[PDB]
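Let the hints inform the model, and build the full structure from the sequences given.
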Amino acid sequence: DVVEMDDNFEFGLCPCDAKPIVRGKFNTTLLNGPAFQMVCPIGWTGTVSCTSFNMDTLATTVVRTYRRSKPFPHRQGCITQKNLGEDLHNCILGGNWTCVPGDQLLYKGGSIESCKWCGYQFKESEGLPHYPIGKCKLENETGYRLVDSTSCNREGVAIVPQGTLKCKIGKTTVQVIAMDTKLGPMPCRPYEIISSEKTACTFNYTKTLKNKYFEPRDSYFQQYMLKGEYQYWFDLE
Amino acid sequence: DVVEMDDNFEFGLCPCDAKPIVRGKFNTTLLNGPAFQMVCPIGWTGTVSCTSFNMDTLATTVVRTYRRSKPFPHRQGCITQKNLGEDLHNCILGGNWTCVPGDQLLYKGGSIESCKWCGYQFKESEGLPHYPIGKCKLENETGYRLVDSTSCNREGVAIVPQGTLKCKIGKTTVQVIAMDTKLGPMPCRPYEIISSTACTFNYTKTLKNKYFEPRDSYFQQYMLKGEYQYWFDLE
Ligand SMILES: *[C@@H]1O[C@H](CO)[C@@H](O[C@@H]2O[C@H](CO)[C@@H](O)[C@H](O)[C@H]2NC(C)=O)[C@H](O)[C@H]1NC(C)=O
Ligand SMILES: *[C@@H]1O[C@H](CO)[C@@H](O[C@@H]2O[C@H](CO)[C@@H](O)[C@H](O)[C@H]2NC(C)=O)[C@H](O)[C@H]1NC(C)=O
Ligand SMILES: *[C@@H]1O[C@H](CO)[C@@H](O[C@@H]2O[C@H](CO)[C@@H](O)[C@H](O)[C@H]2NC(C)=O)[C@H](O)[C@H]1NC(C)=O
Ligand SMILES: *[C@@H]1O[C@H](CO)[C@@H](O[C@@H]2O[C@H](CO)[C@@H](O)[C@H](O)[C@H]2NC(C)=O)[C@H](O)[C@H]1NC(C)=O
Ligand SMILES: *[C@@H]1O[C@H](CO)[C@@H](O[C@@H]2O[C@H](CO)[C@@H](O)[C@H](O)[C@H]2NC(C)=O)[C@H](O)[C@H]1NC(C)=O
Ligand SMILES: *[C@@H]1O[C@H](CO)[C@@H](O[C@@H]2O[C@H](CO)[C@@H](O)[C@H](O)[C@H]2NC(C)=O)[C@H](O)[C@H]1NC(C)=O
Ligand SMILES: *[C@@H]1O[C@H](CO)[C@@H](O[C@@H]2O[C@H](CO)[C@@H](O)[C@H](O)[C@H]2NC(C)=O)[C@H](O)[C@H]1NC(C)=O
Ligand SMILES: *[C@@H]1O[C@H](CO)[C@@H](O[C@@H]2O[C@H](CO)[C@@H](O)[C@H](O)[C@H]2NC(C)=O)[C@H](O)[C@H]1NC(C)=O
Ligand code: IUM
Ligand code: IUM
Ligand code: IUM
Ligand SMILES: [Ca+2]
Ligand SMILES: [Ca+2]
Ligand SMILES: [Ca+2]
Ligand SMILES: [Ca+2]
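Residue numbers (the UniProt record's numbering), protein chains in the order written: chain A, 783 to 978, 983 to 1023; chain B, 783 to 978, 985 to 1023.
Under the rule of at most 20 Å between Cα atoms (straight-line distance), these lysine to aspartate or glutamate pairs were calculated in the EDC-like manner:
#  : chain 1 : residue 1 : chain 2 : residue 2
1  : A       : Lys996    : B       : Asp1004
2  : A       : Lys948    : A       : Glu937
3  : B       : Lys852    : B       : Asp783
4  : A       : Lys953    : A       : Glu895
5  : B       : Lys1013   : A       : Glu1001
6  : B       : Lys993    : A       : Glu1023
7  : A       : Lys919    : A       : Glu868
8  : A       : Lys996    : A       : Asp962
9  : A       : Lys993    : B       : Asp1021
10 : B       : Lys1013   : A       : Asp1004
Covered stretches of chain B (in silico footprint by chain A; criterion: 3 or more residues with CB under 8 Å from a CB of chain A, positions within the stretch not fixed):
#  : segment
11 : 985-993
12 : 1005-1012
In case anyone wonders, no lab produced these hints; they're calculated from the structure.
Beta carbons are placed, not taken as given, at the ideal position from N, Cα and C, and that holds for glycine.
Here's what the structure looks like:
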């Protein structure tokens, strides 16, 4: 006449060519004939109800009601996280195949396969600020777990895929937009370094955002030798 | 008895081959036994009293006194100014060779032939915070009169007779010492701008953080390394 879903229900079986029909909080059921399975109804509340449906009459008739007034606990064999693209979200409400996502997972684990920041990704930590940066993916799981959010407006100059020319940060190519004109460091190493008493006035140089300076200062005049879109390093004596 | 000396009194003579005794204000007399001459006694006041002594009795008798009671005025060909070295100096008392030197003469107004400042000599305004400057001298005169007293220390670098490099003010070579390490301008153009497909530069020696005009054409800044200022050029 009615029944109560066990704290951890799984398999039902409505009596007789009589069909379960479920009003639930979210699509979690997996029905087959008069039988039905509640797959990972974690947090689920509602009712199955075996209703016969005489076909000429066209009316219903509920003959047994499995009921579940109170959310379910966990289970085993129930994943509680899913990849929304390449990002993990803790299924608030599922479910291997019934995750209801809402929020990306913060990070606390170890063995970081790689991080990903402003589009480009980084294994190893040359030249960033810290290495825990952006979305980082652990060794096992195939998706990116949030760790922090640091600007990609690193000090008056911006790291983006839509950029004016390419620095190289870490040992990985990258692209960058000026967001300013005042003097400020560049957050990448130069990409390429084009060249030109013994031999008098010899220098190396590199294209650059107006007023920004790659390390290091001139070995010589001991400062950042900027002109327009370029920076120089002189050798002489 | 007593004789007040004429405004331009110049010669005196005691009578009885009798010595004169010059009780005076400053040394300006020439003596010749019973006679005496007052050489350029401008401002002098005093008395020669023609005293006389007897070998026989020991009687000493003043037989005539000449008094100047009030200072003599400037007189005739008595130059009441004298060079002390090279600096035209006033004559507080007296005239040529009796002159009692006083303060140096200011530049009242005249045709300045040459100035001398910080131990170097200049005839044109080129390169100086002004001109005339320091102490100059007219053509008719032969000594320097004050004009002005600028500091020979220019925004922290000083132009002086000794060390530690030589630069140039106008036509005239000058020599200069640092007085700090803080960045600042040189008060002078450089001595020698030694010079040096490719790139190139000229350079010259300098005080630590001091800079000559001009800024590098290119980087548009004064590029001092340490003792030298550089000037680049690139295609
Ligand atoms: C509710 O969950 C199930 C399982 O994914 C979905 O049912 C399947 O969906 C399509 C069309 O409905 C069929 O091709 C499958 O054979 C269905 N299987 C069963 C047992 O019904 C259902 O569509 C889901 N609906 C949602 C999320 O709106
Ligand atoms: C949810 O999915 C996992 C697999 O992704 C299921 O666990 C596996 O179950 C199989 C049998 O199908 C076992 O032999 C494996 O050892 C399990 N594999 C892993 C990786 O855990 C789990 O049973 C599923 N939940 C259900 C069916 O409710
Ligand atoms: C992925 O790997 C992580 C660790 O690299 C595992 O997660 C840890 O699991 C232990 C116990 O199993 C917990 O104490 C920790 O909270 C987890 N975080 C740690 C220790 O980093 C996990 O086994 C793997 N995830 C799976 C199965 O996909
Ligand atoms: C400018 O470029 C040259 C060659 O491109 C640099 O040469 C390197 O520098 C040091 C000493 O000069 C050598 O030990 C390295 O082996 C050289 N490496 C290469 C790849 O040539 C030179 O140092 C550069 N000068 C700078 C940056 O001031
Ligand atoms: C007045 O007459 C002369 C002018 O210089 C001075 O004569 C000197 O006097 C000293 C003693 O005071 C003698 O020892 C020197 O031999 C003299 N030298 C010369 C060059 O004449 C005299 O002192 C003067 N009186 C003063 C300045 O009060
Ligand atoms: C002081 O010296 C000046 C010279 O600078 C004398 O003035 C001249 O003296 C001559 C005779 O020696 C006179 O005929 C003129 O009056 C002057 N001529 C010139 C060209 O200056 C002056 O005699 C001196 N006075 C003294 C010692 O009392
Ligand atoms: C050189 O020239 C100056 C400037 O002219 C002379 O000054 C003159 O002398 C009188 C007083 O002796 C001043 O009151 C006047 O300003 C000047 N007179 C004239 C006509 O210009 C100065 O005496 C001269 N110095 C010399 C001859 O040594
Ligand atoms: C750097 O030195 C060169 C020669 O050593 C100077 O070249 C002269 O300067 C001007 C403009 O550059 C040319 O018109 C002349 O023809 C050049 N003359 C000679 C003899 O070369 C150059 O001016 C110097 N740049 C500086 C000091 O900034
Ligand atoms: O098992 U039948 O409609
Ligand atoms: O992680 U490392 O050069
Ligand atoms: O990329 U290159 O000379
Ligand atoms: Ca070298
Ligand atoms: Ca007379
Ligand atoms: Ca004075
Ligand atoms: Ca020198």
